[PDB]
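Quick heads-up: it's one chain on its own, the form deposited in one PDB entry, in structure tokens.
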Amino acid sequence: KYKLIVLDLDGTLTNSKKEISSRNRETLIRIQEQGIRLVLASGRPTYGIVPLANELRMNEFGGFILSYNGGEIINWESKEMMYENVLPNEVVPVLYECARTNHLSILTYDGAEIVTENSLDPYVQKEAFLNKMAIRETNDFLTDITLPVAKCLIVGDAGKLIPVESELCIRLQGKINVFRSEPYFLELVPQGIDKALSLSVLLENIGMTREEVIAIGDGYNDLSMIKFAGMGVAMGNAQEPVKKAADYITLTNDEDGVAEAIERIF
């Protein structure tokens, strides 16, 4: 009946120490060994997801990475990218100048590396540690990055980000969307980013229907895929509206909610 499992990372697949438990790992490997295909779907850049995808052997079972909230869709076996929703190049110098003017660090991603002019900013390092990515520091951001980029973050104290966010929101209306993922991360992303939309494209391409999909998540950015999936699963630690929109509520991420759901459902 079900042929695909889509998982968010933080608050879902990973526990409170941001690790994949051995029970989750073994359950997901086994279910792939049974012919079920996995998708990791997360706001993280691709190389923040790659280590977890490698730990789950997804490169051996045709698993997909939906990085940047589905901004990119990559088959982690074949390495083929089927979908690339990136920032318009012309907005990048505007984002840079806004960060500079407001004395805040900007970062973006270039493969396995985070590129920034401020590697000593604790908020930049928070993103590097979260993704397990090395930081490449430059003194000429616009020269040293490789375009196009899927997103940028401006980072800093919440009180300093709110006005920058409020300015960019309208100044680049029509070119980008802006939101805060943590109080100190301002996400600068292309329009039309939604995990559910990217999932629908994936399903069209591999010839599956939404009824054949399980999607598991915890936060508001997982609501659309939980509704879209035939079997939407809310983690025990999920936000109340995610739980109410789900078809099934499992245990928390620290109680191996993902493994428990998969074993019960199958």
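If you superpose the two forms and keep the largest set of C-alpha atoms that fall within 1.5 Å, you have the rigid core. Numbering follows the first chain given and starts at 1. What changes on going to the form deposited in another entry:
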Given for the second form:
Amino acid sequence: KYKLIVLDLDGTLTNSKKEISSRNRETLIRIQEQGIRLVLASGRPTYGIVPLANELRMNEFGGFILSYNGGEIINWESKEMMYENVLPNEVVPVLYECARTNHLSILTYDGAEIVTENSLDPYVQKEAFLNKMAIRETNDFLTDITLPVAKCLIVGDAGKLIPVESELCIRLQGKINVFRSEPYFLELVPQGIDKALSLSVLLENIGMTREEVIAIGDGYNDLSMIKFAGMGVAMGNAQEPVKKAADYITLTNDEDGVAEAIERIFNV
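Could you output the structure for the form deposited in another entry, given that the previous block was the form deposited in one PDB entry?
What comes next is one chain alone, with no partners or other molecules.
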């Protein structure tokens, strides 16, 4: 029946320490050794997902990474890029100028580094810590980044960040996707890009149907993929409308809710 499991990271696969428990790690290696393919799907840049993919040995079992909210899909065994999307270059100065005017930091990603004009902003430091990426600070953001980029982030207290969200939603005329993940992280990613849409592109490419997929997540950004999957699973710490949309509600991330769901579905 089921052939593929898609997992969100923060609040889902990882615990409150942002680590993968021994139980989740061992159940996920087992189910892959048994032939089930794993997908990690996250807003994180690819570099922030890689250590986890390697810990789960996905490079050995044909796993996929869906990074940047679905903007990139990579086969982690072959390292072949299946789906790639970037922001229109011409929108980047508008993002920069809005951040500047609202005195908030903007960042983007350039290989192994986060690039920003303020490496001392605690929210920039938060994103770097989470993704284990060095920060390269610049005084000329637009000159010092390598374009095109898969995504930018504007960061700051929600009270200051929400009006930036509102202003860019209006000004950008739908040209890119604008939304907050954490309350202090404003995601700026290509138009249309979300986890379910990108999952659907993966399935079409590998010849699978959505009835063959389990998706597990917690946040409103996972709602669409939990509905799309044949078996949508909400974490016990999920948003209430996410729980209501799911086919199954599991335990919290800290309670190994991923392993508890997988073990009820498969015989490991």
